[PDB]
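One chain comes next, on its own, written out as structure tokens in the form solved without this ligand.
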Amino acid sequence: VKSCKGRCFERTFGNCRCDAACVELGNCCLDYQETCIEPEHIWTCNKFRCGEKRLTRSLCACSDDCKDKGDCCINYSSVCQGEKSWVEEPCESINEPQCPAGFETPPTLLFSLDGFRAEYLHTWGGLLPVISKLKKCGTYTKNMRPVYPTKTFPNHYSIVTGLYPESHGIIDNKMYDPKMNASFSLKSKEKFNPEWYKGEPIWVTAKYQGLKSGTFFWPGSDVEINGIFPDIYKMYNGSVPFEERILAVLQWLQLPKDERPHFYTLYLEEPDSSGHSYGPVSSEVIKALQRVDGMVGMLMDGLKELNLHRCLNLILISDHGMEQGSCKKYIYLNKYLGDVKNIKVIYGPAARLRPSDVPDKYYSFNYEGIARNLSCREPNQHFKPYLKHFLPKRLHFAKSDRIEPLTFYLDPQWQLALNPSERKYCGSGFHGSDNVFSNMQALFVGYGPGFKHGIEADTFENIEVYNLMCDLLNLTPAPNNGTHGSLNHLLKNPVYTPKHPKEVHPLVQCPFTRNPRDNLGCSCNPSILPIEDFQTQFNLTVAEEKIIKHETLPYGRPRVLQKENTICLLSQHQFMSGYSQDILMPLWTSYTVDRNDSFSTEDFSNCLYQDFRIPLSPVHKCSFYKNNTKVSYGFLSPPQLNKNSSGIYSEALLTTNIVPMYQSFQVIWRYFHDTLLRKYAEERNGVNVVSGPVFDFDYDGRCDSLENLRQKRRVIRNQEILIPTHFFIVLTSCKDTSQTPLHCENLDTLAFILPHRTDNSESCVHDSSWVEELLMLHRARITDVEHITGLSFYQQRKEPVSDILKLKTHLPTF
């Protein structure tokens, strides 16, 4: 016979050898390698191995006795008995789980493919049959938004805590904490120091509530967090073959019920490693993608053999995407600063700057000096210096002391360093950029009894996944930055029903009080028809008010969730508002721009009308602002918008509809209300607008207390004034343009948190087309606005709460 089957390593008579010497003599049987050697180095059966005489040094068996001795290769039944593999079976729905005793609550496995950009599945899906089937049979989104910076430790730790890096403390793999005077490195023993890891990873949450955990690698799983390790964890060793990681998890799923985990993790270094080395569009990445596709297949086949393929909930995920770097698209700061030796620059697309003399000069150092030094130096400059607190609030990258006070925002494909010596190869693949860039977006597929089948969900953020995993494991989540219930649409049977938050103190009233018509110091433009009988013009019939309320608060009035705060509803013909006596300012106005409404070019500067519903105050007078070089004022509900006349809406000039405003910000505000709002109103057939001030002096993304606000007032012309840190805008139309904002089945929303700064250095003015770009950069989720104002919107919409949460957590795209 001319085959080695049955005779591996036996000396033979029959002119065809099966011993190691044959190779040198070139007289091996044609199947010698496949039959006798390959089995020492592979985890697969194949037509050469089916019914093999058992070899002692094989990793797994394809011998006839393999099912009895329980060590068949995972693909044994597919290849050697002609059964179908998991990927070959058509989708079938999992309406009831089929689990062994112990899994009354089914297990969840969090499977991470490092650096798997969402685009890889968009484009190479036809080369990835297993992940493609998981998508087809499961719950998929085209894009999961990672956290900023779009790096590995921060995103993995974010996924298992539901926290932004600014709150969980792992902002990068290399950090300096000044209050600890220590440095974090993965090569150091500081990696194991629990001082670094804030929040509560899901394996900790689980342990407190009775469930055990098995992590085969994950950031934090090798650290004693709140005094807890996972019940099973592995010391990181990237050289462990992917197959052995998957086989280990399959061994864990066969432990007896008393010691068998409910929560599992699996981490693979591909395709991040190949992406860095060869670029995201490369033969090496295609091969890496096909390899990880096969490892997912190996898991699914393994689960089928254990009859757990209709039991386990699989979350297939990645931390971040991958971009093509270029030596032509790297910025070196030494060009503008020279070979200075006193600063450390964290290089890459998420570049940060710090003094070398730490912790001594960390707070005293002249950040603003370098910030101004590096601003608007070139035309079409590809980087932008920001003091952390001036970065867009959507990035939630400021609160932590481990975030260097000076950061850089870089354009897509662009990185930054001090000089070419202090960086790795410029032409490599890279990640770290803004978390809304296409190529940074991440993988998400959910498959199992808990998840819906054949569903394509809209973009959601990875900070939402912790709550989802808690629901899948019947866990009460630790407090986190996800909006519990926003991902209920992914689940067959949601376990948490969200409720709209309750107003703590009921709305105070601001009654009309007869008082003297005073001089406010105004040189009003003649065209404006004043309010000559206030009490006449503002004594409204219930019918008249119902009409006004229906037109201006179609979604309900914003509700205040702040504890010690007293607001009152002020009514007008074209807008409503919530006024704060404590801060002498409205917290919010609400109005509606209709398609065919008039915007006036008529000047309305130095013109205010007194509101008799509140006490007159110095800071409500035109005179307080007349030739004032510290602060000016602006209107929330815009006087340029008339429904009745073609002139100026006089009621909009009330003292109660003004906010402190820097003259530089007036350009942005004036351009928005004169030009943009008109274009938006036409494009969307009407726009409901809610605008207001924001006080975030703590730069923690949260509305500050009344108590803390008292101490942040500035003294200008011997008066106490509170100057907003930001202004928020929330635009609301219908998805269907045919209908107007008052009659929408489905809301289309767009929100901004615009920074309130004394100059427009951020936009490098040198055509106001830059105002559009600044609005886009400072876009926010309605949830972001809610958190930073203490307000809660759309509480009167007839939609279920979970659907409203989905809408509020949405970030807009352009």
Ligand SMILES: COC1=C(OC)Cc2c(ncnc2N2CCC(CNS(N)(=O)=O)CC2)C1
Contents of the next structure:
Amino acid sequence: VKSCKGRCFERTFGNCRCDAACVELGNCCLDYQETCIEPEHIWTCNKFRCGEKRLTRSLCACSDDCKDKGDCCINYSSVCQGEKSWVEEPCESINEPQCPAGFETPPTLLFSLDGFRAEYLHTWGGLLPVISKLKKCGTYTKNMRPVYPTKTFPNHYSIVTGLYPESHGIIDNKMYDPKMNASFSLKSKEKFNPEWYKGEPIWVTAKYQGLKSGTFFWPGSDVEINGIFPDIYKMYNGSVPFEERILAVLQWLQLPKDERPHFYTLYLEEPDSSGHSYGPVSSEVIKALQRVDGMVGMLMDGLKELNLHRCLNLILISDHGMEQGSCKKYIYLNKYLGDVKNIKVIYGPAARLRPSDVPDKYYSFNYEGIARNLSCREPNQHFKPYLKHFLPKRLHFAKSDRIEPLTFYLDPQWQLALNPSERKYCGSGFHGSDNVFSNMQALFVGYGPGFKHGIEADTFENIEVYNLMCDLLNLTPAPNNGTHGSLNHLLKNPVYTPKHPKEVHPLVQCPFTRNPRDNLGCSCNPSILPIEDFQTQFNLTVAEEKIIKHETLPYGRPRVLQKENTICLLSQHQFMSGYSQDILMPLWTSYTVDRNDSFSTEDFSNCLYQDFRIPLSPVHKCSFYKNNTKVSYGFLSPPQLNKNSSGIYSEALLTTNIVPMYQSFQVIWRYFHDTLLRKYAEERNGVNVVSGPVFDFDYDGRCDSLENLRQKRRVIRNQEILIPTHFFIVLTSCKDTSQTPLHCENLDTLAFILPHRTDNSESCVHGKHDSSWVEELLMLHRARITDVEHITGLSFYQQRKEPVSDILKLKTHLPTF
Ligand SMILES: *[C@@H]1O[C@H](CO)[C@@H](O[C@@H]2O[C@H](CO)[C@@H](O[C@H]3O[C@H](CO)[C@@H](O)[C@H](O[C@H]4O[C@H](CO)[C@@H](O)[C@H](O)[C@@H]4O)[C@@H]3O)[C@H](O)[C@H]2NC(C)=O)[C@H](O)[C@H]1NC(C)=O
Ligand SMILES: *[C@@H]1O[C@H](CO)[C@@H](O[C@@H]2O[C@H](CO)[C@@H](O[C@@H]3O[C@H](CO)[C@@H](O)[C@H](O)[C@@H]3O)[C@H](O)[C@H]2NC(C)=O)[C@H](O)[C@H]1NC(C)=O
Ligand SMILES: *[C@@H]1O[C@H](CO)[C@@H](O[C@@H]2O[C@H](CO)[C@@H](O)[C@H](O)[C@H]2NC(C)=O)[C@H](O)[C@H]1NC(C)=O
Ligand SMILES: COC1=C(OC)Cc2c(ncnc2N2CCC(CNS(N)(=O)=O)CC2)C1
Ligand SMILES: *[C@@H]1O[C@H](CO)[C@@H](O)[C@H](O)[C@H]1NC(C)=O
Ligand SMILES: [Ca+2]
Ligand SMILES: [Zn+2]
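Given the form solved without this ligand above, I would also like to look at the protein as it appears in the form solved in complex with this ligand.
Starting with the chain above, the whole complex follows.
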């Protein structure tokens, strides 16, 4: 008589009513809405609904007969039978999977929350119980590094291909390809054009090895790629309620085994939507985080109902983070260029510039003009123009023709457009910035049989996830930019054991040859003590050699993986090196700076000693470089460094230890070796160094072939010389600063791929002290050891006692400060 329970929509005698007319009259029973209406609009049971008379319009049932008819709401057992929800159960380990027939290989589900910045879980974890329990019981990293630009289509497509955007071709939501003379838009028919989507998404990889796939939304899953769609896919429709997407994937997981997928995707637009609309710190984002947390709960609760919660491997992930934009932190190019109508500028933090007249002027247009026009125009300028090949190599953002030849690097929180007309609300949340900025860092949680429990893994890159998902599905990965085995530490039972790459030809020898003590045109500083008997000073005892190797190559010698290549090892007291007869230059030197080693200020300009182990060549003489305006030289192993005296190490002045070096770059090189290397040595109680030249004329992140390099020599004073595109440096100390680099239990690395440029316009040297800008340029141009390996054709640390997987982990690390 007081309640609608069991009498929805029926006439009553006893006071309160349960028909739609009651609301106007305000004579409804107090539980009319909860009992009779809400069930049409909600996917949950509650205390009002437990044992409800079945309603025909209800989205799911909480009626006693719901289990028989198999349409109980997912939380039925939790709420109406008093059982515990997935989130309410304590963690318990999944050593053996408990899977049905068909899942002898257990399924993997890639669940994306768009624009879930890593920080959201750091800060609001107390409000996110489900994602928090997955972290607790699973494999988590505080930060998963996205690809540049930190945008949705690029990162989603990267996750499922293991490719950098420059390689997979989806470099933004809006693109122009000049070869195609077509434009890419998400609003357009070209969105569906397979020409745009390169590489191999995992759903294709899986199909070729006989696994079916179900994608409830993912970029590319609605495109015929290598002639294939996912076995089940959905046309993107953001209006589909989240509950309906999760319920559909749970339907797919009950398909008969012959047609049931192994690889699944789930995607939600939150918290990216709220993040843009109201900012990353906002009531709206908190509410969205709680919503997606609940949807993750609905999935886990559903998997429990299906006895699949100790079967399915879940990867909960995000494309990128989110940052607070400001109208006071937006740069307009028209301030510097005027209201010109010949250029189209892509707005935001990953801003790019292209001529209007395309494809005609795309290559011919004067990029360098605008580049210099916009450089160092203000002090503490919040943007920097870059020809795409001069962007830090760590960003891997240049190979694709779809990348405009002039790009901008924006500071944290800063964005750029041509003018205020061509951009949306500047006060909005945004992303797209440098993929090492904290607020761009992304979510990763792995949970399931395949993944470890209660592990917090060090930061890794989303490009490594493709190989990981391949391992979880026992697939052979297509070729990608992940280092296979670098994430073996995340897996209970790694399926791929990596091996160090095998050197193609063993080292040729460079034996001493009796030759004249020839004139090099050098006016040596008198202090320097020349090499009085070369054959004496460089005929070393096997006892003497063991000591040198142990001090200079404590991790083994860099191995060379290039096919057509001839290198020779050169021995010295303070350093070892690999010399290329082919390019008249070392590919690498290795030396070790100890805590209390001495760095000399004594000048050593215009001083070289001939090396009788290689033929003398014109480019090895001080004469070639004397008042040469076009190129100078520099030393890999530093002459400044003496272990024996406080003077200058003469052996470092050999012709074999010099590389072509622009005068401008000497400022950087001299500051590094004089100042920084000393500080690094003191700070870390010794540091092993390996440095060398880099030739990437294709700007493709890879060492150029010898064949290619022959056509890229410059002719200077009627000599053929090869000038490095970059110089690499790899510092190595111990995690424990008590031990020196020769006896590390654990390696701490720091590597650089410094661009080799004829001016230092990059750094805006004007009215600034020298110290500041060099350190900043090194930090911007840091790189993974793996980045160095790719671009030099070298392979480091091959003689370490550590297993290979642990080395790959170390090699793929990028330091962040
Ligand atoms: C990230 O991973 C990617 C995959 O491992 C790497 O990209 C691959 O780079 C190679 C080197 O260019 C490229 O392979 C090809 O080599 C030929 C050049 O010698 C190229 O022409 C070949 O392709 C083809 O030739 C015809 C006519 O030109 C083409 O129409 C056809 O495509 C035919 O197969 C050959 O494929 C790959 O193209 C490329 N893959 C992708 C998807 O980009 C990156 O090197 C790597 N990046 C880093 C920094 O590690
Ligand atoms: C994109 O997804 C949205 C949300 O799922 C779709 O809109 C919804 O469409 C349904 C039916 O497709 C509508 O429901 C009702 O359908 C019955 C059909 O018999 C009809 O009697 C009702 O009057 C009502 O129309 C619903 O109104 C609609 N919106 C909401 C709020 O759920 C949409 O169809 C999808 N497709 C595209 C491409 O937009
Ligand atoms: C490249 O694409 C541009 C833009 O689509 C082409 O310009 C079009 O030319 C056609 C006929 O050739 C005209 O009917 C259109 O009105 C033009 N569109 C626009 C917006 O200008 C251009 O001709 C294409 N081909 C090449 C290789 O330049
Ligand atoms: C099925 O594959 C597709 C998708 O898989 C997810 C997404 C998508 C597609 N086409 C156009 N736009 C798309 N979206 C990406 C970005 C996405 C954030 N917008 S938000 N967070 O404001 O609501 C909203 C638009 C196709
Ligand atoms: C840069 O060129 C523009 C034309 O786009 C011109 O308005 C401006 O004066 C130039 N700025 C300079 C010379 O730095
Ligand atoms: Ca190259
Ligand atoms: Zn977004």
